[PDB]
Amino acid sequence: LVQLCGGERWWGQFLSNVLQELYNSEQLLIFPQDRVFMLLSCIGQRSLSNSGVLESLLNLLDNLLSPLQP
Amino acid sequence: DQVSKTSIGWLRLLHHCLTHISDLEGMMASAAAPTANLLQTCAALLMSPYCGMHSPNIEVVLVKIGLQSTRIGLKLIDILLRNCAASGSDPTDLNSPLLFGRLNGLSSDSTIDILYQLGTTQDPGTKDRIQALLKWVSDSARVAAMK
Amino acid sequence: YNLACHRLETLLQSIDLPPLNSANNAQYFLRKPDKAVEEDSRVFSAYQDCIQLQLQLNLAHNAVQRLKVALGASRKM
Amino acid sequence: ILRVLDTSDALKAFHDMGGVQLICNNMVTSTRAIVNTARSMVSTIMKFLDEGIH
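Chains as they are written, first to last, in the authors' numbering: chain A, 2082 to 2151; chain B, 3321 to 3467; chain C, 1928 to 2004; chain D, 3085 to 3134, 3158 to 3161.
Keep in mind that the hints are not guaranteed to be accurate.
[Unchecked claim] Within a straight-line C-alpha distance of at most 30 Å, the following computed DSS-like cross-link-like pairs (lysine-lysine) qualify: (1) D:3131 to B:3395; (2) B:3455 to B:3384; (3) B:3325 to B:3384; (4) D:3131 to B:3325; (5) D:3131 to C:1962; (6) B:3455 to B:3395; (7) B:3325 to C:1959; (8) C:1959 to D:3096; (9) B:3467 to B:3384.
[Said to hold, decoys possible] Pulled a few chain D residues facing chain A out of the computed Cβ check, cut under 10 Å: (10) 3128; (11) 3129; (12) 3132; (13) 3133.
[To be verified] Residues of chain A placed beyond 12 Å of chain D at every Cβ, according to the derived structure: (14) 2082; (15) 2085; (16) 2090; (17) 2095; (18) 2107; (19) 2111; (20) 2114; (21) 2115; (22) 2119; (23) 2124; (24) 2139; (25) 2142; (26) 2145; (27) 2148.
It should be emphasised that the hints constitute simulated quantities derived from the structure, not laboratory data. For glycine and all other residues, C-beta sits at the position ideal for the given N, C-alpha and C.
Let the hints inform the model, and build the full structure from the sequences given.
In structure tokens, the structure reads:
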């Protein structure tokens, strides 16, 4: 997926969506958290040239802190 | 020592005051109860890593201070079940307690024991506690029909 | 194989798993208690036995099928 | 302090001077002020993703 879909517009938002729906506190699916975390870190270090990867993650971090600063 | 680093030192004093002599327990509890954010602080201290005092002593404080009135019992049920955050806690004020770091509805053996003590005990107002528990169950079931 | 699988199923139903959502669960994850360690070791031993005997059963089945099809009996279409 | 309050009369006097409300407010404020130092989820994610002093 890095080689094929990396470096395009909808990428990055895909990473944020999958991270949010996998590591959600409401998620009851049992799976390897930390191994998937290294996989996501590697998929982040590669395709880092994409300008959408960091902005999507920062937008995700922005929404989680929205209860603060009402 | 954990007493100097943490705030568990005061909770040990409260536990001693409440449970040193059973005769004094009622009026201890009556004087202690009306303090704001006390129950939320005790609950947050309970659902934390061991920081000086074992969990069984904290359960005793929470049970005894919550059984002295109906309103306090309902407040304890609400904070244990649906909202563990500090009451009247606006983030703009930098001195009011927040207690933002815990997820609501977390369950441990201590909380289960506390709820069993709250429900099974026989005293005036226990029907209010049972009503609150059933109301929470009904609300959770209704919310579960999100589809 | 059936007996070993049943033993593993019982032993692995005997355990649970904290969800890693609070401080206590994380602390348990840093320092696994002794009972958890011995239970994990026993489960690993049972899994090793199960997988070894499963491989043995699979190779036995492959040999039986090869011999059955070797004598002229047709295999499953 | 615990040894001082070991008698019933001492406990009654302690209540009559507002000690219990004082310790309750003190616990609330101190819990607000300090930050827990014990390890947490962050220190498990880092152990995975890898006297006794070294």
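Hints, verified against the model:
1. For a cut-off of 30 Å, the pair hint linking residue 3131 (chain D) to residue 3395 (chain B) is broken: about 39 Å separates their Cα positions.
2. At roughly 23 Å between alpha-carbon atoms, residue 3455 (chain B) and residue 3384 (chain B) fall within 30 Å of each other, so this suggested pair holds.
3. Restraint check for residue 3325 (chain B) and residue 3384 (chain B): satisfied, since their Cα atoms lie roughly 27 Å apart, inside the 30 Å limit.
4. Only pairs whose Cα atoms come within 30 Å are accepted, and residue 3131 (chain D) paired with residue 3325 (chain B) is accepted, the gap being roughly 25 Å.
5. Distance hint between residue 3131 (chain D) and residue 1962 (chain C) is fulfilled; the C-alpha atoms sit about 21 Å from each other, no more than 30 Å.
6. Taken as a hint, the residue 3455 (chain B) and residue 3395 (chain B) pair is honoured in the structure, with Cα atoms around 14 Å apart against an allowance of 30 Å.
7. Straight-line distance between C-alpha atoms of residue 3325 (chain B) and residue 1959 (chain C) comes to about 25 Å, which keeps the hinted pair within the 30 Å bound.
8. Taking the CA atoms of residue 1959 (chain C) and residue 3096 (chain D), the gap is about 46 Å. The hint is violated against a cut of 30 Å.
9. Of the supplied pair hints, the one linking residue 3467 (chain B) and residue 3384 (chain B) is violated, its CA atoms being roughly 41 Å apart against a limit of 30 Å.
10. Of the supplied interface hints, the one on residue 3128 (chain D) holds, with its beta-carbon coming within about 9 Å of a beta-carbon of chain A, less than 10 Å.
11. Interface restraint check: residue 3129 (chain D) against chain A, minimum CB-CB distance 7 Å, threshold 10 Å, status holds.
12. Given hint, residue 3132 (chain D) at the interface with chain A, holds; its Cβ is 4 Å from that chain's nearest Cβ, closer than 10 Å.
13. A distance limit of 10 Å between C-beta atoms decides the matter here; for residue 3133 (chain D) the minimum to chain A is near 6 Å, and the interface restraint holds.
14. The Cβ of residue 2082 (chain A) lies farther than 12 Å from every Cβ of chain D, with a closest approach of about 21 Å, so its non-interface assignment holds.
15. No beta-carbon of chain D is positioned within 12 Å of the beta-carbon of residue 2085 (chain A); the least distance is around 26 Å.
16. At roughly 30 Å from the closest C-beta of chain D, the C-beta of residue 2090 (chain A) stays outside 12 Å, upholding its exclusion from the interface.
17. Taking the minimum C-beta to C-beta distance to chain D, about 22 Å, the non-interface status of residue 2095 (chain A) holds against the 12 Å cut.
18. The beta carbon of residue 2107 (chain A) sits about 16 Å from the closest Cβ of chain D, which is more than 12 Å, so the claim that it is off the interface holds.
19. With a least CB separation of 16 Å from chain D, residue 2111 (chain A) remains clear of the 12 Å interface cut-off, as annotated.
20. Not every CB of chain D lies more than 12 Å from the CB of residue 2114 (chain A), the least distance being 8 Å, so the non-interface label is violated.
21. Interface exclusion of residue 2115 (chain A) from chain D breaks down, the closest Cβ pair being 4 Å apart, not more than 12 Å.
22. At roughly 6 Å, the least C-beta separation between residue 2119 (chain A) and chain D is not larger than 12 Å, which violates its mark as non-interface.
23. Non-interface status of residue 2124 (chain A) relative to chain D is upheld: no Cβ of that chain comes within 12 Å, the nearest being about 14 Å off.
24. The beta carbon of residue 2139 (chain A) is kept farther than 12 Å from every beta carbon of chain D, the shortest such distance being approximately 19 Å.
25. The beta carbon of residue 2142 (chain A) is kept farther than 12 Å from every beta carbon of chain D, the shortest such distance being approximately 15 Å.
26. Every Cβ of chain D is farther than 12 Å from the Cβ of residue 2145 (chain A); the closest lies at roughly 14 Å, confirming the non-interface assignment.
27. Remark: the non-interface label on residue 2148 (chain A) is consistent with the geometry, its nearest Cβ contact in chain D lying 18 Å away (cut-off 12 Å).
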